[PDB]
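Participant: Using the hints, position chains W, F and V against chain L.
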Amino acid sequence: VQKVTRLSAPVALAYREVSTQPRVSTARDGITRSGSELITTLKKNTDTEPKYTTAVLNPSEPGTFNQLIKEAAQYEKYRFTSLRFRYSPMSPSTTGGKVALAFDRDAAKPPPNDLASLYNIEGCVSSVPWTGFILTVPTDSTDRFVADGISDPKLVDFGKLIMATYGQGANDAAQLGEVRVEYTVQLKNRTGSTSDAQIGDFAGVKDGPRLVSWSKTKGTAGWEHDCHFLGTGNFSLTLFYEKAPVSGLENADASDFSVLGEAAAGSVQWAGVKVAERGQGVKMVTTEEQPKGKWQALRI
Amino acid sequence: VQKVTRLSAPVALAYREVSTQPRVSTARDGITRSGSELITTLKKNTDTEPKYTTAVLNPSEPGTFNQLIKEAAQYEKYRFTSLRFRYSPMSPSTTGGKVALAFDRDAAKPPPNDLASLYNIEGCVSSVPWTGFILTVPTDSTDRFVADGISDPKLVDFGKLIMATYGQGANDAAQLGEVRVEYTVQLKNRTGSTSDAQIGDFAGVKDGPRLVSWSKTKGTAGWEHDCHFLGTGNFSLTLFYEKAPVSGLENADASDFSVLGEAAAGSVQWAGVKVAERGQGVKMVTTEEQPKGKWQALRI
Amino acid sequence: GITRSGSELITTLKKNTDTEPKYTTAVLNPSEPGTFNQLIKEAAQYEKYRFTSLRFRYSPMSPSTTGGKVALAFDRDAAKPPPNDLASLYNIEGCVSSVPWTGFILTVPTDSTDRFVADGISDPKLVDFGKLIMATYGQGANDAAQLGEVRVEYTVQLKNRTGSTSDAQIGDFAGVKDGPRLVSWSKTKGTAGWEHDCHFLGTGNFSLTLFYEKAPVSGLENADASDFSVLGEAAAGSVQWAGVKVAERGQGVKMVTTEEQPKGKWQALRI
Amino acid sequence: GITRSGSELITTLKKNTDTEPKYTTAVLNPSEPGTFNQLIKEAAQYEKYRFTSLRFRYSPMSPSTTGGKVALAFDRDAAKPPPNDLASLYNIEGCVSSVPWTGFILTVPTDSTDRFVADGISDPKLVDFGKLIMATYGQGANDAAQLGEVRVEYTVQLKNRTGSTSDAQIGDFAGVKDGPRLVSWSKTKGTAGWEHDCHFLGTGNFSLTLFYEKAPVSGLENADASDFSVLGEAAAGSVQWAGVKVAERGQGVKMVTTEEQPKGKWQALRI
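Residue numbers (UniProt numbering), protein chains in the order written: chain L, 52 to 351; chain W, 52 to 351; chain F, 81 to 351; chain V, 81 to 351.
Just chain L, with the same shape it has in the complex:
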């Protein structure tokens, strides 16, 4: 018989969660799977404008799922049934500010610029960093292909999750909380098993799962190589057809290691990449134009 009209504020709250057992079952068309995953942690921000982190929802996405990749390699089509996102805090009540989660149906779209247009997305949620909240995504009934090669994201992907936080104090906690996913997936058509590696060249051709991305921003060339995961096993090898000024430089990353030379006309390099944070790149190769060659990237 506590007082309803009066509320109290504690120093901190503790949430306890243990490991859950995934469920796999068979049916007439294919298999159904139920499980849970962890995405990432959140950091503080001392400005008055938000900073965004994004995640694309596809079954063949190494940056989002970890154990669904092995069972998604035997099939071609998918359909989601249930999708929930959960936030878990790690900070006391002295921390002030807000955190926000939103979901959009267009995968190929930049994040919004200001705070006013962020609140115009349907179904957005926001809270204080010392409490938990749940976002539930409704689903439709449409079968889509799995992501391989290069295609329009409007044809194969389901949507994208956006996470943001803007306003904290000068002396505050370094990390805020973590985000988990509960999913239910259906699979349709069996096929032979496929390889897990990314092979491509510099003329916009990709023939594998989405692991890395390339950008030009050409001032005396200079090619950027952005990674999308944290799997710490990234091995990259590159073949040169003509003379290159420099290759295999460390732009901004935790560690770098290269073996062979690059000053030959026909030469193969080999590098190992350690990644600690999302979007960090460990390659910067300058040329005089867009060159001819072949690159291969592999996890573990």
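Think of the hints as simulated: they come from the structure by calculation, not from any bench.
Virtual Cβ for every residue (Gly too), placed ideally from N, Cα, C.
Heads up, some of the hints might be wrong.
Said to hold, decoys possible - To spell it out: a stretch of chain W is covered by chain F in this simulated footprint if at least three of its residues, at any positions, have a beta carbon under 8 Å from a beta carbon of chain F; those stretches are:
1. 85 to 98
2. 135 to 146
3. 217 to 228
Facilitator: Below, chains W, F and V alone, put in the same frame as chain L:
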């Protein structure tokens, strides 16, 4: 009401089989899977002594299974429940001779030398090449680890299948028949997903699934590189620490392709290998001693 | 629109004597010269299609002493390389295989969606339905060169009438392609000349070429069962008129040697 | 044989301020100085063991304003590298994690097999049971340097009596190892000298060395909380007697510089 005391011989027989649906279900400890696979085809032999083909039964074996590799990467222990082998013919009644199948419990053992000791193995079967027969392997209750790295085959493997044929005519069919497997597998302990590549060096260290093998037979060195599968995606890359006389030669294989040079002190090569028959090797590197370096092999 | 049922023949299978298997692929779209022979004329006046029935049949023509096996399979992704080994081929759902002196039937389930019928640059995941793979691997030396035939039974629906598409192929040497896809042009060396890859089977393929300048040689036959040229080429202004009968895909029957980028016009017509 | 139940302390956790997580591993075998402190004396007189109960407990000692998370997990393969990212860590079955001002209990099921208790060259898949991983990733700057403690509750069975194993470690500079695994010797450069990696925690570690010839310098302290050498080294024949107190694993407390391969003898004793 046919005549029991009289038998007839036809020109040929036809067996028809369609694709079967595998069954996956969950339990308290882990998952159970039921399915079927194809191994290989058989060829003729005009001698009077048999020629043998062998297959090691482990869940993490790329040369034996094709779709069990993806689901065996999430677990650590296994136990078999049912194992059957089936032979299917492709030849008329003009073909004369015998084909034989046997199973042994010691994985690290050479095949027998003569026909008399081949018939001493318990449970061996033999027939004419224009009929079908079934071999059933009884199973025990012992949990074993999956095969990764380098270990004693007496500790991790279950057994090995031996297939043979010896005596055919001069003018005869080129191919005889095919062999299929029906299995039932149980899995126990969940773990994080592992990489599918083989990384090693020349001082007897292997850190992945069994894809290739190396042999010395040192006369002015000369390193052999035998493949165990037919997956046609084999990419091999090798780093040299000192000067090598020659590298990346084609010994006996269908196709070969190499990109970079090998006459440098620090150099990386890159080769693609096409394999049509088991045991064919596409590498032959001569040195003056056992060298220091690093090699990586990857399927697809 | 209209509904039509029918049965058509694709191709005949051949003996394979080497160790590795041989695969042939067929893409199922109504605007395909390599799959259909009579549906392509009614499909040229419409924009959308839907399949309601689909089946495949194998008919033997080999003697009873011929040993081996033939295989048929169907898949959903029209943009995918063919498999390498037999174990990945037998993992596709619904695969069938049999000895070459008997017949069998493959049945494919269908859905209810409307797709565009067109030829162009667009994604095969958007406009195509699937792909058929036929595999032959193991035969001997003293066997017949022909094994059997493959036929298709279908039922289709068409939706929206439009203006008709022309049936002949018009082009020139600097690459411009329009009309039906009947033939491909390839080059290896500018001094050597060009190859004329007919990627369809038929009789009475009429090809005519125009030379705007002098040419060293023209009208060379390479892999044609029959060849007949009636108009010669000489100096600045001349025309040619050639009739080609083709038996198998990609023969490369016509060879002409000129300079790097000559000027002219070529017309290709079927029957 | 005998049956024993008990509770022992392993180690204390520390604050982690950088971006990447920190992992510590512990191998569960009765002949391990880095895991047990009293079971190693009764395990030196037997040959086989079996576990019937196993549990782990975390006890906090940090204030309520300390933010972060601690994690514990157990796995079955004793020969495996630690994971890189957090997502592969949370995929291990039975993992637990909590805020550092509260406690939690991890429970591990057991089986019924007999394994050898020994230290040597043999396979960890044959003689070991499993491995424990403790992870700490996210803390701040104005937080306490100590977080908590980990304890083990167990019940074990021993089978076959044998002769007793000696408790001190005897060795020399050319690599020969026998006795309990208490300390490791490492070298980087022959001119620079050797590093003395004490891979266990304790007090009163007594080390004595013999020099068969002249030495440039000896007895240098690098990362010891306390150091005391009472016997000097001079010319051909001298001995040393050093007492080292060690707080954390792998400090590398003793440094001696000599030539490439000197002759001598070293004895290491705990308490």
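Participant: Now, for every hint given, state plainly whether the structure supports it.
Facilitator: Results for each hint:
With 3 residues having a beta carbon nearer than 8 Å to a beta carbon of chain F, the region 85 to 98 of chain W meets the requirement of three or more and the stated coverage holds. Coverage of the region 135 to 146 of chain W by chain F holds in this model, with 4 residues showing a Cβ closer than 8 Å to a Cβ of that chain against a need of three. Counting residues of the region 217 to 228 of chain W whose CB lies closer than 8 Å to any CB of chain F gives 4, so the stated coverage by that chain holds, three being the minimum.
When each numbered hint is compared with the structure, no violation occurs for any of them.
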